[PDB]
Amino acid sequence: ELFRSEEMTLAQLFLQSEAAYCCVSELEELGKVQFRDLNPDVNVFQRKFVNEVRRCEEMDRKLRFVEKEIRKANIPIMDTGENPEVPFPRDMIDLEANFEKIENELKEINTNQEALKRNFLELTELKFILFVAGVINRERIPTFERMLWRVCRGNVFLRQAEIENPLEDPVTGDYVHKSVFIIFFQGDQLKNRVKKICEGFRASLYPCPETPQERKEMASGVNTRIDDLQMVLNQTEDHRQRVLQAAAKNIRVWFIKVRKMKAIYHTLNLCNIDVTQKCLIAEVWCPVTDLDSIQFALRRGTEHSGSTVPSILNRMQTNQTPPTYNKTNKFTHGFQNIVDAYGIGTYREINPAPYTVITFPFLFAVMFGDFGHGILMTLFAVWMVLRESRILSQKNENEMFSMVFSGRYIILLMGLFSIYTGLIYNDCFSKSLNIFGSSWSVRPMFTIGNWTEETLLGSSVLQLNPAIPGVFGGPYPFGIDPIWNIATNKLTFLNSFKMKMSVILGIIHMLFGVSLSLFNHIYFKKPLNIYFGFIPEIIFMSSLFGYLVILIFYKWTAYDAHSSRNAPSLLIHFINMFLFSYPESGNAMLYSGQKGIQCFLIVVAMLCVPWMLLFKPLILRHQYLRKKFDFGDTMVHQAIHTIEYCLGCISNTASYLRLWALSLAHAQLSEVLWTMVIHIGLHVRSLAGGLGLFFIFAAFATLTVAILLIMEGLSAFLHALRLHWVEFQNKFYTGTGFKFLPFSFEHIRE
Amino acid sequence: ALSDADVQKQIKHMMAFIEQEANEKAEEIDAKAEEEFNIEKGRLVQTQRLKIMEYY
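As they're listed, the protein sequences go chains a and I.
With PDB author numbering applied, the first sequence covers 3 to 132, 170 to 667, 712 to 833.
Converting from the second sequence to PDB author numbering requires adding 1 to each position, the first position being numbered 1.
Looking at chain I on its own, in the form it has when it is part of the complex:
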């Protein structure tokens, strides 16, 4: 009672499902990358900034 086009629509739906997850996952990955970036940077700058000051 329902066409092959609506099955196709369901396929398109699951594709949309996939794209949404794809987007969420990439965003999660980039956000953690930025967090690791900032964490390592802060550690390094604090370490050396302190040593320079101490020397002076």
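Same shape as in the complex, but just chain a:
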């Protein structure tokens, strides 16, 4: 029993108009059906939602304007209520206009307030007023005065006026004391001249001072009018504030109300309008699983409506390729997406995701098998999960964080498996984990084995620890014996393991991927795809590549150091196998009779090709003539499948050398990054060592994250994913489908 896409059924739903408003509303909130556009040549005008959409757009523009003003006011609007009400009354149309009136009022308030500000901005000058001296921002009084002097120099006396603790200048909204040197003239030509000069300068010459106390009385009167003005501004501001808070309360509700009604209208346009009845009928695909749920939903929707139209889903058999629906949850959704990133699977295709959940983290952990970094990676995922509620309930404009957050459950596993593999690799920042179980060799016995004072010559040499000395041996309980982490030849011991392991794991996954194809071919009742396909295909792959894997394990248990000289070479026998090369001498054989086996397997693998190459098109041609089929094109399709399969098997097996290449590179970077960075932070001087290690460590941690935790994890992330895309999935996960997009209330966080 494998996970596959869900069934959907195409039906024609006949909904009376009044009932239709209720039904679309309810079903859209329910979210399990998807409607098709039945009249692609028909526009929204044609669908008759043009008034509905235009109305929504007007309301939207008004709402956005108000929203902006609300934000400007720093109003703490929550928009956390109203979620389940989904109103859809027709009366909303008029109420939305009333909402606009509210917003229209704010513009009027702002309009009056700015106008009021200008008078205020102006009136304050009279108080400072109470020859005509002006008020300046004093930024250029130097040149104001000198430039006026030169108009006719020394012609009139300089009037000096100053304002302390001023109001904000109206043009710049800046408060700044005024210190102004003014020229005022009695003559008309020169007064006109200075008027022009002083006005060209940024100066205010508003008042016309007079000796008579009448002008003072006037200023006193203005001062009174100014205070009244301020009181009016205070009133206008109070209303402004009251209205804006009221709008924030209404606007959070209306965002949803309007957004939803519009969406409903969109769907209503997404319909076929019947002619005989004032009823709309649509083709709708909904999951069979949810069929009862939807019928009950139809009942509830139409029951609210006064027309009590049956609102029945009319089930029909449609060839129309259904969408591919895979049910996911908070955990598995991310894994489905990395599959969908490559493509949408064929309807009722075997879903690779249930196996990806483990398979992918495993292959990653092989590439990134690092104990220390696995911890760091795990903790990061833990952070995101612990803050999951806070990260969701906020804005996240940074797409880089959003991506890793979306995959946070994928990363969690990535870390957990990376820990497992790192422990077996026994590398934590180039350090092994010695549990006092390392019994690889007994150095005391090394000296017994005819090594007397070798540490004298050792001063210039290393000396390799012999195998089968009679005193060494025994496997490490778990992982690689820690001793190899301090060896100069780890570069052969450990590299050999990773190469051979990568091949073993890759081939097994390939065989699994092929095995899955059997379930799919049976499900679709394609006997030919198993009698001429699967069987010779799995034999082809097994006979060549599984044989290799067996021999790898065979040597490990078949040959000891006793035969290390002229020990059989697995690669050479593998190559000679394919080529039928059987030299009399020069290479030791793994076992007696191997030659016969080598020849047999290759011949069979080649004999497997005709099955997959020609038997399907040939039998189909026979069935054509017997029953009474593009024979030529069918041969092309099958030949391409055969050619790509066989050649890809060879390339795909090698492809999994990605596991080795990445695992090797990581270990090499870790060893060098450790040795050339943090080791340098250590020194025989006590305090200096500690203080230096402080700063050096910080740099070390920086490089470990920058180079290994991010980048190498990033490369291994992609490369492991590619292995699924290229070598694994292409054995069974074939064809394309459509993404399932049912009616859904998606805009919840917005």
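These aren't lab readings, by the way, just hints derived from the structure by calculation.
Misleading hints may appear alongside valid ones.
[To be verified] Using 30 angstroms as the maximum straight-line C-alpha spacing, the simulated DSSO-like pairs for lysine-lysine come out as follows:
1) a:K434 x a:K34
2) I:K13 x a:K34
3) a:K50 x I:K42
4) a:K299 x a:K74
5) a:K34 x I:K10
6) a:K529 x a:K539
7) a:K217 x a:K255
8) a:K34 x a:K369
9) a:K119 x a:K235
10) a:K299 x a:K366
11) a:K317 x a:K50
12) a:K317 x I:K26
13) a:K822 x a:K50
14) I:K52 x a:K317
15) a:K129 x a:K217
16) a:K537 x a:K470
17) a:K366 x a:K34
18) a:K317 x I:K33
19) a:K301 x a:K434
20) a:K366 x a:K434
21) a:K50 x I:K52
22) a:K529 x a:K470
23) a:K217 x a:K230
24) I:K13 x a:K317
Assemble the complex: chain a is given as a structure, and chain I must be docked to it using the hints.
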């Protein structure tokens, strides 16, 4: 979970819907016909009845 007979019932329902509208529309049409009948008749009878009286 629901039979093809209930779909048929829904069809019968919409037919009933149609018959109700059919009835309402015909009634509306006949009522206006009677109104136009009476209006034209009254106009004509008043016109001629008055002329006859005037002659006498």
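Each hint, compared with the structure:
Proposed proximity of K434 (chain a) and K34 (chain a) is supported: the alpha carbons are some 28 angstroms apart, at most 30 angstroms. At roughly 28 angstroms between alpha-carbon atoms, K13 (chain I) and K34 (chain a) fall within 30 angstroms of each other, so this suggested pair holds. Between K50 (chain a) and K42 (chain I), the direct Cα distance comes to roughly 44 angstroms. Violation of the 30 angstroms bound is thereby established for this hinted pair. Taking the CA atoms of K299 (chain a) and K74 (chain a), the gap is near 26 angstroms; set against the 30 angstroms cutoff, the hint holds.
For the proposed pair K34 (chain a) and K10 (chain I), the alpha carbon gap of about 25 angstroms is at most 30 angstroms, so the pair holds. Taking the CA atoms of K529 (chain a) and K539 (chain a), the gap is about 15 angstroms. The hint holds against a cut of 30 angstroms. As the CA atoms of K217 (chain a) and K255 (chain a) are separated by approximately 21 angstroms, the hinted pair is consistent with the 30 angstroms bound. A threshold of 30 angstroms between alpha carbons decides the hint, and for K34 (chain a) with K369 (chain a) the separation of about 18 angstroms falls inside it, so the pair holds.
For the hint pairing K119 (chain a) with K235 (chain a), the CA-to-CA distance comes to about 27 angstroms; that is within 30 angstroms, so the pair holds. For the proposed pair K299 (chain a) and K366 (chain a), the alpha carbon gap of about 25 angstroms is at most 30 angstroms, so the pair holds. For the hint linking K317 (chain a) to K50 (chain a), the alpha-carbon distance of about 13 angstroms falls within 30 angstroms, and the restraint holds. Note on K317 (chain a) and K26 (chain I): the hinted pairing holds, with a Cα-Cα distance of about 15 angstroms set against a maximum of 30 angstroms.
About 28 angstroms separates the Cα atoms of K822 (chain a) and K50 (chain a), which keeps this hinted pair within 30 angstroms; it holds. Straight-line distance between C-alpha atoms of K52 (chain I) and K317 (chain a) comes to about 53 angstroms, which puts the hinted pair past the 30 angstroms bound. With a C-alpha separation of about 13 angstroms, the suggested pair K129 (chain a) and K217 (chain a) falls inside the 30 angstroms cut-off, and the hint holds. Using a Cα cut-off of 30 angstroms, the hinted pair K537 (chain a) and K470 (chain a) holds, with the two alpha carbons roughly 18 angstroms apart.
With a CA separation close to 12 angstroms, the supplied pair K366 (chain a) and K34 (chain a) stays within the 30 angstroms bound. A hinted pair counts as satisfied when its Cα atoms are at most 30 angstroms apart, and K317 (chain a) with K33 (chain I) qualifies at roughly 25 angstroms. The suggested pairing of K301 (chain a) with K434 (chain a) holds, with an alpha-carbon distance near 24 angstroms, which does not exceed 30 angstroms. Simply put, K366 (chain a) and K434 (chain a) have alpha-carbon atoms about 27 angstroms apart, close enough for the 30 angstroms limit, and the pair holds.
Under the criterion of a C-alpha separation no larger than 30 angstroms, the hint pairing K50 (chain a) with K52 (chain I) is inconsistent with the structure, at around 57 angstroms. A hinted pair counts as satisfied when its Cα atoms are at most 30 angstroms apart, and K529 (chain a) with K470 (chain a) qualifies at roughly 13 angstroms. Distance check on the hinted pair: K217 (chain a) and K230 (chain a) sit about 22 angstroms apart at the alpha-carbon level, within 30 angstroms; holds. Restraint check for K13 (chain I) and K317 (chain a): the C-alpha separation of about 16 angstroms stays at or below 30 angstroms, so the hint holds.
In terms of the numbered hints stated before, the structure departs from hints 3, 14, 21, listed from lowest to highest.
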